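Novice: Take a look at the letters that make up each chain.
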Amino acid sequence: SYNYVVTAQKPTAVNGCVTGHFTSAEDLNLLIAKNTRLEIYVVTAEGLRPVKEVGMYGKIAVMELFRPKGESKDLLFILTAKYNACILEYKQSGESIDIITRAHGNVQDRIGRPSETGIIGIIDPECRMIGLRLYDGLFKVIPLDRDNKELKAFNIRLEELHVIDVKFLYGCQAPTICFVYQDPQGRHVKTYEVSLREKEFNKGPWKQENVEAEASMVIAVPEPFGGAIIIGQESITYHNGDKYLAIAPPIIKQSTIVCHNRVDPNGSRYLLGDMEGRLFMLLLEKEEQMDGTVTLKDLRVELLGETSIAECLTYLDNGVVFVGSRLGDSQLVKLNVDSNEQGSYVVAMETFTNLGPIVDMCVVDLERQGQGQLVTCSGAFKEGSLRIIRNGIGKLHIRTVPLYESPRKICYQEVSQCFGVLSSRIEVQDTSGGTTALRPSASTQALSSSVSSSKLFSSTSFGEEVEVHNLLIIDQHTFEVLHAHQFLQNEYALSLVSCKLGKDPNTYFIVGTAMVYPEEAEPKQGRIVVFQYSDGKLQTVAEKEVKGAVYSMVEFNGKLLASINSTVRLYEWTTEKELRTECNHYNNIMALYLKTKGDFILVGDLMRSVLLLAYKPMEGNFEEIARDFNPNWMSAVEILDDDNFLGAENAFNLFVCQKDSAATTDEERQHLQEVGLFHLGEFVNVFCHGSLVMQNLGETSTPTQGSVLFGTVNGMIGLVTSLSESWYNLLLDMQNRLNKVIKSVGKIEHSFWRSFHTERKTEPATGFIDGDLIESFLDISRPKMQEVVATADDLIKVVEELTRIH
Amino acid sequence: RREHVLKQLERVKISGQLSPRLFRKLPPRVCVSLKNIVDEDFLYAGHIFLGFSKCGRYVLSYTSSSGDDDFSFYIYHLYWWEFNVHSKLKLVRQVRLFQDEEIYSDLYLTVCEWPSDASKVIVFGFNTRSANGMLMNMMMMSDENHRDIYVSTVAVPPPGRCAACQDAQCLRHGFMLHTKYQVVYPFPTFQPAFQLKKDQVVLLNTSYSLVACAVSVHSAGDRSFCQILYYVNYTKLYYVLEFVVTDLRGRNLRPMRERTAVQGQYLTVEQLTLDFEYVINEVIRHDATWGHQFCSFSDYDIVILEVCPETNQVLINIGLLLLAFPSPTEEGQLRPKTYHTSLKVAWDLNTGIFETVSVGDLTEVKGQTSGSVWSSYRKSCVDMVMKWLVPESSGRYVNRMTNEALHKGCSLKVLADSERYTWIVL
Amino acid sequence: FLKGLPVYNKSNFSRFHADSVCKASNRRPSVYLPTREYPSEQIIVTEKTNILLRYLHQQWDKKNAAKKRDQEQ
Amino acid sequence: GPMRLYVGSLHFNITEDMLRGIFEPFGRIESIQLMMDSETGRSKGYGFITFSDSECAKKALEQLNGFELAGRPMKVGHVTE
Ligand SMILES: NS(=O)(=O)c1ccc(S(=O)(=O)Nc2cccc3c(Cl)c[nH]c23)cc1
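Protein chains in written order, with PDB author numbering: chain B, 2 to 395, 709 to 773, 780 to 1110, 1125 to 1140; chain A, 32 to 199, 210 to 271, 386 to 397, 417 to 600; chain D, 4 to 76; chain C, 248 to 328.
Wrong hints could be hidden among the right ones.
To be verified - Here are some chain A residues pointing at chain C (derived, C-beta under 7 Å): (1) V224; (2) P483; (3) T485; (4) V588.
What the hints assert, rightly or not - Each computed BS3-like pair below joins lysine-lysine, with the alpha-carbon atoms no more than 30 Å apart: (5) B/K200 to D/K51; (6) A/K553 to D/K6; (7) D/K6 to B/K244; (8) A/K151 to B/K979; (9) B/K254 to B/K298; (10) A/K511 to D/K51.
Don't read these hints as lab results, they were simulated from the structure.
For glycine and all other residues, C-beta sits at the position ideal for the given N, C-alpha and C.
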């Protein structure tokens, strides 16, 4: 198998935001990291003026602006998830914009396991060095010196093997690291002086201090105050030698602080973002001394209001703050001195679209037939929404349906002209005994409502967050919630299907649930519930008690195929309108993903790769045809054709395995040979057969066959289409020839970027074509289109024929 | 406070962060009783189940057949079984370990897997003490001064397909390398994590030397060759189908010994040996500050401190019992005393050259037991290794399998496949 | 009060607007497609020597230089 | 063998092979029993070392009991069964 992976929608989630003087010494820049993409903006009178979008051949893990001595303006240090490190300089010769790779190199160590709280990259205030925390028990030091032709990086052993967060302190003679670490005694704070000469750590300027158990973040307070602020779940603390201040504001206890931003250059004010979306101001009371020095008198936090759930907060200028979001839309907000009728000092100026995370999606011909439309489940919690995406002639068009709760599953019921959506809302228990909703949502504002009156499970804590699961019936035109069916107390709706079963002429909404009690962490009981939505009303038809969690559900030749924990079970729909077990498959670990094509079933396991089952209609039982013996932790699966299967794995790679054609024995026929490997760089949650392009109605013989859309955590939408061996061999030579002409920022080889990579193995990319690199041929200059060596100079006959999809 | 599995799965969908490291505090997803997956039940031979392979596809076991013929000579077999969750285990390979070997005492055997090289496994076997040259009614009786070490490298069953060139079953990488050496007191320590830190290479401490043994297979492609040594002893040998004495074989018997020119599949056996006494004398002569005071050395103990497979460097510590004249200070007569010291030496596997890293000071033994000296020296090595410990990536570790059910240390309770969260309950 | 917020330029955001209800999927930044190759001043390289081996070698050199203090104090 | 010894208060990274290397210089060992936690696959920090000669065990106890190993003072004592 040979495939063509192309971007339909670029990642929309904001992974990191940084400010400085990169494009010019006078220009105030905003740099946004959207996974692999670096967006450069200049803060102007009109707002944010776009500069250029840098497409890195790597996931941006570290993005920091710094200015060494004598340097005209700031330099940018980038570290990728594949450990490619670079120092970048912005150059503009009138109209010609160029990014210079000052220093490049890979900083991966064969030894060392990646750390729990992931890659951390810090730069010394005096720009004496770069400090990397990649692996447990190691601190990488990159000395900053332009005099030598090489930047000789070295590791210093860190006794504290479980580091939570680290910062370089200000006002120090020698570079000093301050860090929070975990050990059996709990969490603590520690300091170390870094010696570039001896290549070791020296005694820290201030002794070990016992910090809060949930102390997650370290703030390096600039040169006037000095020291470090530590933020936990219940408290905020300041530390600078013998100086110590701790505050326990009951307001911050409700939700975890996840991001911070220094507002004032001296460090008097800090913005603090909540998991709830709440915005805070941390105030550091100044204390001017006769010596000329300054100390900290007090600490105070003030609630400013609400924003989108922030990943990164960034003060820009004149009270304007950039709210970088990954679970919702990003925003430009205004901090006003006067509060509104609600009591909020924050006012939204602009909203920027984020489709991510895409947890589920479906392809439907909504407005007119033949023209496909994507209907996704987007965001999480108060940022939860439905996004209707289409290729609109007069590029991509997005309609937002806010739900103010987490959308989970989506299916379409054409006969009912509506969508069946699974949703979860967070409810907190009060002194009343019963739980109360934090804010109104799609499940509480529905026109008609119903509660599960099931008695099947015949035989709570204050402040504790509980999930309330509902099946929402949404109109396809208005996108109004017609009905909301609340499932049982502690019941979690996991899977959803819309189909006709057996000889029954009615189309049903089928929901696979799981009981989640606070007492037990394991799913030991669930239900499969059959509902019918008629003339405005939703009715419960049947229920079947299962001995676990109903992870996946697929209609299978008029039968209901379901995955209950490690079991793959087939059900029949009786004339008594009940579900009856036909056959079972038990050889699984966590059967989370199921796909069907004819009598064949593709089983995706969370821990044990993929398995192919064939249902035998004569024997009325399953047969394990083939297995992918390779270890893979799966995120999503898809059936490309009868003998080729597409898989998405936890290390953001794509794979394709096929039934062995040169297999002679029965054992060799049971082996699924991986014939396609590609590093996508995205975490795929859903695969869909579909196109956003019109059926035919005037079309020519396409170079590609098949059409598989996919949704990712970053909001990226992509297509996978199968190619011919002739088309693949043509585009493969083209891809390698384009790499000799198309240069790479940070000098990262494209072949390296696209290589299948895991903590166990690294193999080159095979059976896959990077559609984005091939399509970049239309954007380069005519004299540089010299990648063609036997004639047909105008290769625009191809590439433009490839852009025709999406 | 342990979280619900479904809350964790919900977090994966919105974060894009899925890993075994993240789920480490989660209980096993599936537990199978050995009884329910084993065939021919009631008393199915002497199968001592060792554990899972790194890939999680094979479950390994072994047999120790004593054979009551009065004299009793032990026979050891290694088995590979295909695992399939709730389905019964299927035997894929039955191999005999240490062929033509007179095993007088029950060996403690350990099966090891290399960090990334999955094509072959290594089996270490050792007795408590060597069998003598005498007999005392009840039994053979042991030699308290010697111990036997048996080392066998066996090829792992192919993942499937290729080399259908059967010409009648048997295959191409169905090779077996096996060796045997004797050790003296203080009996060298067993360090499988370090001895196998470099793929296809095993470091062996024979009391008198450190032997680096590389076993590799090559097709008639001239692209690759020599990992050991790109002066001290080096021996390279070639073998085709149809100093530590290593006798090669197929899955049953001997292959033809060939020389370079052979066009087809070929095996290579390399051995780089470092002589301890030469190293000790060279360090004292050129780098020890007390080298003038030195007379002779009574005994030595070598412990590996680190193996760097990227730079092909082996860091060893040498515990030395020696005789030396005390400091030139005159407090009467200056008779040579017995001292203990330690020398740190870095051995380059590419050049074969060794470099002095550290030379310890002379410490007076003052009527201590030789055992007390070696025990204290080995505690100092454990201390150093533990102190400089840096956690490594999973799937780069050395899989060490043991089941001392027959060695009064009692049987194992669980055989776990941690990456798939699967337990075989014995 | 809590507000007396940093001003880098009074002109910044004074003329701002797009005026639309919660919508902007504008990928206005032009993609940077490099063709011209410019050399690098440096290449980031990792020190090959093991941390234990590095420490034992320099600690021995510290002890040796401490012994070369001879011919008086 | 004449003497069984309880070895306790060990660091969880200390292996059966390390215990053999540290106790073997005193004399012949009949068996080593490092206790493993089934649920984790790591050590319980204790075990049993049976020597072939009681005098070797007594000397091992004298020199190893109360002394540090990986910064943790080792506990060695006589045990029946
Ligand atoms: N968990 S660990 O500390 O990283 C670790 C654990 C085992 C090994 S070993 O397998 O190489 N054995 C080992 C090392 C050092 C001294 C001794 C003695 Cl004495 C006997 N066996 C020893 C290395 C590192």
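Novice: If a hint holds in the structure, say so; if it does not, say that too.
Specialist: Results of checking the hints against the structure:
no. : hint             : in the structure
1   : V224             : 11 Å, violated
2   : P483             : 21 Å, violated
3   : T485             : 25 Å, violated
4   : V588             : 5 Å, holds
5   : B/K200 to D/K51  : 14 Å, holds
6   : A/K553 to D/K6   : 63 Å, violated
7   : D/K6 to B/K244   : 27 Å, holds
8   : A/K151 to B/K979 : 27 Å, holds
9   : B/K254 to B/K298 : 23 Å, holds
10  : A/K511 to D/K51  : 41 Å, violated
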